[PDB]
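Presented as structure tokens, the chain that follows is alone, the form solved without the ligand.
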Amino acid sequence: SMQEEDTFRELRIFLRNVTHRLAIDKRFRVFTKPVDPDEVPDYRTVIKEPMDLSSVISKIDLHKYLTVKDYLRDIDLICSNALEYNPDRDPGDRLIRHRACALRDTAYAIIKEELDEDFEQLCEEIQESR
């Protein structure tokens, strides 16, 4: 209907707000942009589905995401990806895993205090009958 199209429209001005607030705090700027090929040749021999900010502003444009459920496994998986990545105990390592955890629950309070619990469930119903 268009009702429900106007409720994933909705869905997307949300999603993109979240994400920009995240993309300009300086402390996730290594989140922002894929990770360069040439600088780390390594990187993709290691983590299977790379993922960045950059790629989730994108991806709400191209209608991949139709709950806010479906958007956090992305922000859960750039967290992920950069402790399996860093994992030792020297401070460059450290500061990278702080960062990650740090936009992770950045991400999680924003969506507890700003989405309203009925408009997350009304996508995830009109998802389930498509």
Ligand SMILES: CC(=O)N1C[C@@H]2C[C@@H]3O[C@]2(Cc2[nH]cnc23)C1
Given for the second form:
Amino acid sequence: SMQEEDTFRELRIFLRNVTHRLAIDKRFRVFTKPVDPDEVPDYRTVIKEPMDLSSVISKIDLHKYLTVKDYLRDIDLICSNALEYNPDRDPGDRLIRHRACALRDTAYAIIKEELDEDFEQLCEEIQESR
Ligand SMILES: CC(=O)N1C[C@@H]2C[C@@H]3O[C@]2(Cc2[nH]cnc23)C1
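So the form solved without the ligand is up there; where is the form solved in complex with the ligand?
Then the entire complex follows, led off by the chain already shown.
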């Protein structure tokens, strides 16, 4: 229905605003673009599904996310990729792990405060019906 397409357009507006607020935070700069194959030629042999905040905005605009749950699966993949690729005790690895955990926790906290649980349940019920 037209009302259902208005629901999904409100979901996209909401996801673009959360994603912009993560992308401007100086802590999260390392997550704003794909890892450069040139600088790190080993990255794509270890990490089988790379993800970054620029790809997330592209995916919103391609209508890839019909629920906030499917968006959070990509935020979780950015964070789990960084924990798996940078697991060592040295300060460089520990700093990127601390930033990855802060990106995940910040996204979840904005969604807990600003997403209406009945808006998310409506998106889930339209998705299930298709
Ligand atoms: C997001 C992530 O997990 N990354 C690991 C890489 C290792 C290190 O920070 C890089 C990018 C880079 N270029 C040169 N050294 C590096 C980003």
